[PDB]
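Just the one chain here, the form deposited in one PDB entry, laid out as structure tokens.
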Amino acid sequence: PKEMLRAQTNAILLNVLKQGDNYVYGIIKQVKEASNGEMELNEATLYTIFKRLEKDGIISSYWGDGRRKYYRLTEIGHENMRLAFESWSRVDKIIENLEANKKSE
């Protein structure tokens, strides 16, 4: 499901930035390496995603050094990742509790 691929890619890209400011080609290599070559991101895909995240204030950019454009997770972005991770833990709990409670009937 397209809805899901998008989410997972975003998930990953934010984790990369959560590990350090980086530029598009560095991000691509890092992901290709952490995925054992299973996820080879196109440049244009990253620009698409980052344009949305920059508009929503979840990331921002700036010039580094060979002059590269760097991307960073904002404070809001670290906050969304935190809210997200928490909300999903509760969800996994509630699922366990559904099972538990169902069996006790």
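Residue numbers count along the first chain shown, from 1. The term rigid core refers to the maximal set of C-alpha atoms that superpose within 1.5 Å between the two forms. What changes on going to the form deposited in another entry:
- With the core superposed, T45 shows a C-alpha displacement of at least 2 Å between the two forms.
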Given for the second form:
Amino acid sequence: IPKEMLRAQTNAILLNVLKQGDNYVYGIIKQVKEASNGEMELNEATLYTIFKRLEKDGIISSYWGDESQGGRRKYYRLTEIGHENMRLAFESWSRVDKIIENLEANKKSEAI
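Given the form deposited in one PDB entry above, what does the protein look like in the form deposited in another entry?
A single chain, with no partners or molecules, comes next.
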């Protein structure tokens, strides 16, 4: 599995987890660990790197939590731009499957 594809996957995951609600990193890693039957330990480093991009792009935003409790954790939130990105990713990928669909279709066409 190429690293490019791994980080693309981690991205798909994070946008999705934040879709279901604002979260923090230790929490995000834990929920995916659970939702993948132990199998998927996300890499803190890759998360951090991704959040800098996604914060850059305004796909996510962040705020401080747990300050009332003596803490200072960082909560992330999917933005509207966030939801738009995910929509266009979906639509975009669906368009690609259709192009491939049509390639396979036209192949079987010439075979006739």
